[PDB]
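Every protein chain of the complex appears in place save one, which is left out.
When the chains are written out, they are named A, B, C, D and E in that same order, and each has its own residue count from 1.
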Amino acid sequence: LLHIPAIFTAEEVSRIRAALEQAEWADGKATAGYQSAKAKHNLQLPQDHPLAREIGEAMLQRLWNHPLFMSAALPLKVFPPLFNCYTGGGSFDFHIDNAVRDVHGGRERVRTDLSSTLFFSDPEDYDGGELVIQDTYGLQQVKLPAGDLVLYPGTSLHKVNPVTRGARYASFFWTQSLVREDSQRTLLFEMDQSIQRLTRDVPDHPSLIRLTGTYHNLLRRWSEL
Amino acid sequence: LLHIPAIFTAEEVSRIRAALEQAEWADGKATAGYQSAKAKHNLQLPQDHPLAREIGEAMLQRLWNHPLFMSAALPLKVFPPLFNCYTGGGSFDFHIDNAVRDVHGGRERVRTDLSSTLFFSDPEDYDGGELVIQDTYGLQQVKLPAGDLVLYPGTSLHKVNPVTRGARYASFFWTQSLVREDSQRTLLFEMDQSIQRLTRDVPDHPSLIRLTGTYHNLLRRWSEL
Amino acid sequence: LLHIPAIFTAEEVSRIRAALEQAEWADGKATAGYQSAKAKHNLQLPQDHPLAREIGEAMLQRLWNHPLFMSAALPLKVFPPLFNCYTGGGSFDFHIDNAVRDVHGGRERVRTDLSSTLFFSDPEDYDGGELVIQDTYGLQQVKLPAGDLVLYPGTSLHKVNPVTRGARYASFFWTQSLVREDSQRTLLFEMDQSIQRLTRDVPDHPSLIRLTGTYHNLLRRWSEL
Amino acid sequence: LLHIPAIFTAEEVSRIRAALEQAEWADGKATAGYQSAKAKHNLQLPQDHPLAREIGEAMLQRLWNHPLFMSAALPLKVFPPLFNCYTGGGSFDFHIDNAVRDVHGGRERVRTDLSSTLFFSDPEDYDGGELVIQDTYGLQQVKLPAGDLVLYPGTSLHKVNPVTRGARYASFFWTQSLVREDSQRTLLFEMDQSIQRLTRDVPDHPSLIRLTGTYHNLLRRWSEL
Amino acid sequence: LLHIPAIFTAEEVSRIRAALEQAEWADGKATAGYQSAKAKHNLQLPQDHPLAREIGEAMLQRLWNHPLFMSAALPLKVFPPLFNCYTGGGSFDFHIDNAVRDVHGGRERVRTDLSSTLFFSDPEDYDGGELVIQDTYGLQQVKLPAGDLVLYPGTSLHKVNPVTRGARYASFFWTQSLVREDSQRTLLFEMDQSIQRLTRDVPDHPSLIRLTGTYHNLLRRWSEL
Partner (left out) sequence: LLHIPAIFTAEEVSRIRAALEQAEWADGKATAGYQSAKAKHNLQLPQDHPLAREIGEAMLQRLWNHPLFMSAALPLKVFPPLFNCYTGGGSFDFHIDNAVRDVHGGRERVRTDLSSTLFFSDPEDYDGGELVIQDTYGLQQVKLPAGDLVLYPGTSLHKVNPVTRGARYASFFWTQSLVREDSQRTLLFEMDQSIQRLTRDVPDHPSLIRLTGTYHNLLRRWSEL
């Protein structure tokens, strides 16, 4: 799990949450097939609601210009972000995301390599509502400050606990990475961090260009696009 | 070889075949390059003939909504269906399909993972014309009722026997699957039928969600798009 | 990080630890290459020590008959277990395990797909000594009850904190799995657990034999031996 | 499904069957696991039976000298052949073969890439006893002349129908190929046959040496050993 | 390195060079990210300069209809060709190309499997300016006649030596191949040349269709699109 903070500033988050608080919400089951629909009991904006289209586009521009998201996710496709609200006991029980998610009836299709939640509500403003991620050998609970993003592989079973007080607004989306295998992405991420550290401490060292070549030749071997 | 019956109803097949019988046909060697053109001796509609465009689109809408085709083929791209007529001795001797088929000057290009024939003529309405498929260790002959589709891997050498009486009308196309390797697709197909059977017999069993998670993680590992 | 408890019984662990307390120890910088030897400040038994070979053989027999270890590790090769002691400030600073470890006497070489530590000391009897495993975006600290084993991928930088009070006795080793990729092993492990759960609940269901066939076909696709 | 005829001569087959007719048989439920032993209702020779070891060695010598078996199977390991008898209603209901079979003595483990049955009984001499191999979209039944072998991928559920009259004697085994994937083995097999055909027809052609290099380069890319 | 001569005729090269000589040149550092920009000291046309768009399109059509380029490169994407000029000491020190190059801010993104330079200056018309390609085990210097193309893998470190007299005009671009691995591309290229040679010497041989089938099944196995 990668926590990427402050995608939006505090004033931006306040503006976005105010619009979400005043939006006309629809039943969340519309974007789930008949299976995980049994587990989904929240509210969602329609995909092409103008607020969802506007903030989704704003999220994409921020993420494509975030060095941490670019390095760790190596994004190729970002599914148009969806917006949900858990309140009044709303929840999303344990489910796996579909391997391929269609956009506008299959115009674009996104392999769900990575999943993400961007929190638009303060953790003090709702009870429950934790994003619970279950791996093979353990569980992780995530409840981040408003404006922060969590990034985790699409291979995990996850759920959102019921919200028992207040309301939780967030955006969620999937990313198809250039690099499908998470162990390969993390290897590239760690190697890039090492190269960045060496560039600061000892720039102009001839081994840096060759290690950069190694990094990009790995990307050549592994990138699908 | 997968036989998918009744893509169209009997009344629809009668309408489609009547239009095909009244269409203006061209020499089939147009679509074949100067290698398999020596083996191709049939009639074909031009690719953008309005009948070929109309029934091709109707064909895609039915196939995209057919659970058997969706599960077995896992389609990503469907080449715009071509339409042919074997009559008066027309035939297509043994040939292999090109690995990549270009659409409209290469705007889209389809890797020919799977081949398909949709029969529009009754088997009783023509002699010969069998679709003969030769794998490494044997041969299969296919002559299906009108409205039925045959699906088979693009890796095989195949031919159409001469038509010595009547006329054989059919559509043919290739599919680029999300999953390139046939053994991977069949594993996924078999797994899905097992999960479908368990959902019927014992729904809400907690292992069903996890096996569905397994299926989609395999699709996540194997899907190219 | 998989926790496999009670490899040995509490009585057995006491006998093993008592023997290790009376053993003659060697400087740990004899079995790590000169580089990781800079980070190594602990005690180790020589690989030809009879006590190390005796306990190591007992560990192998237990592990090769342990369903949890067999399923999660899918072992092909197990490097002969080594035994270390951390006491009086002894530690092992951060290091990466060599990808291929040669076994004394030639012949065998083990790809270090999985790492493991079997704890022989009670956690309350020593201070510090935690096994710290560095992830891409996380730290994990491990200090398990005596007789328990931790299994983790060999792809991680790890270390052992200094033991300030008491002594920490343990065995460590590496495993070459049939399945190299950790994401594949966990997928197989999860699938097997789901099948056992279904086998208990609804036996003789025809989907069990087919899903078992799916499991072994995946093992057939992925196993290297 | 590849049929390899006349591994042994007719005279040899009569001697082998006569010896097997006079041998002391054991219950077949001693070689397969619990799940498969439920489906197993036949007779088998113990793996240390001298007749099984003598005939099995004779099978290995013939198979390793057989150009057809060598090319289509590309064998790396052959599991020591086993011998069974189906008579008096004996059968082996549907089952899948374990992906990895351990050889007595502990040292060797065979990935079951390919399955094989060598028939020692005349098909006219017994009723039933068909080897039924279940495909994704088909069923294949095999009942071959005495002395003939069938070679087929280990990825299929298969069974043997009850023998209602007479007795069916056969040998079965598994092969770990150099080339794990069946589509790769068939590609190599077809390519080698084409080269041999060209070698007979137009020898000394400079493209023969280069295509042979292509064949071995593919074997270099795909062979695991 | 593949040398493909006479992409353009002598008269066409003269016309193109005259326009390049009269064009308004900009600093090259624009296309170089902040890294290789320290190594880039030449002149480039803006990407959408009408001369760059016109000749890039003209190169595009010539290459798509060139049998040597189609077979060796197996192109899927061609980055819109860039145009540079080295003069007055201009050079490009050692650098590695980025694995993924974006077109117009990411509408299309090209994996840089292959790199290419098309020379528009006569070697006699400038001093220095050699394209130097450093492999693991050696260096190659390329300085080709005007109108000729060089094709080489994108995995190499390369540079252009300073031009100390005259001026060097050229176009450069990258190609994403259908087949990512260079060893797979060369195997296909060599095998295609063998099949072409056999078709000339002995056409209508039944092994040619099967080897062509082998070639296309390899392309089916390896092509990404």
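The rule is short, and it goes like this: contacts are C-beta pairs under 8 Å (C-beta built on N, C-alpha and C of every residue); 3 or more make two chains touch, one makes a residue touch a chain.
*Asks:* Give the labels of the shown chains that the missing chain contacts, considering the complete complex.
*Replies:* A, C, D, E
*Asks:* Which listed residue, A:6, A:51, A:198 or A:225, touches the chain dropped from view?
*Replies:* Residue touching the absent chain, from the options given: A:198.
*Asks:* Write the list of chain D residues that the hidden chain touches.
*Replies:* That gives, for chain D, the contact residues 76, 178, 209-210, 212-213, 216-217, 219-221, 223-225.
*Asks:* Quickly run down the residues of chain C that touch the omitted chain.
*Replies:* That gives, for chain C, the contact residues 35, 94-100, 109, 111-113, 154-155, 157, 176, 180-181, 224.
*Asks:* So which bits of chain A touch the chain we can't see?
*Replies:* Within chain A, the residues touching the omitted chain are 183, 187, 190-191, 193-195, 197-198, 201-202, 205-207, 210-211, 213-214, 217-218, 221.
Note that only the chains that are shown with their structure count from here on.
*Asks:* Where the contacts of chain C and chain E overlap, which chains show up?
*Replies:* Chains touching both chain C and chain E: A, B, D.
*Asks:* Which one, B-D, D-E or B-E, has the same contacts as A-E for more than half of its contact pairs?
*Replies:* When the residue numbers line up for over half the pairs, the pair is B-E.
*Asks:* If you tally contacting C-beta pairs, which pair wins, A-B or D-E?
*Replies:* Answer by contact count: D-E.
*Asks:* Taking each chain's centre as the mean position of its Cα atoms, how many Å separate chain A from chain C?
*Replies:* 34
*Asks:* Which residue numbers or ranges of chain D touch two or more of the other chains?
*Replies:* Only 155, 181, 183, 190 qualify.
*Asks:* Thinking of each chain as a vertex joined to the chains it touches, would you call that graph a line, ring, star, complete, or other?
*Replies:* Contact map by chain: other.
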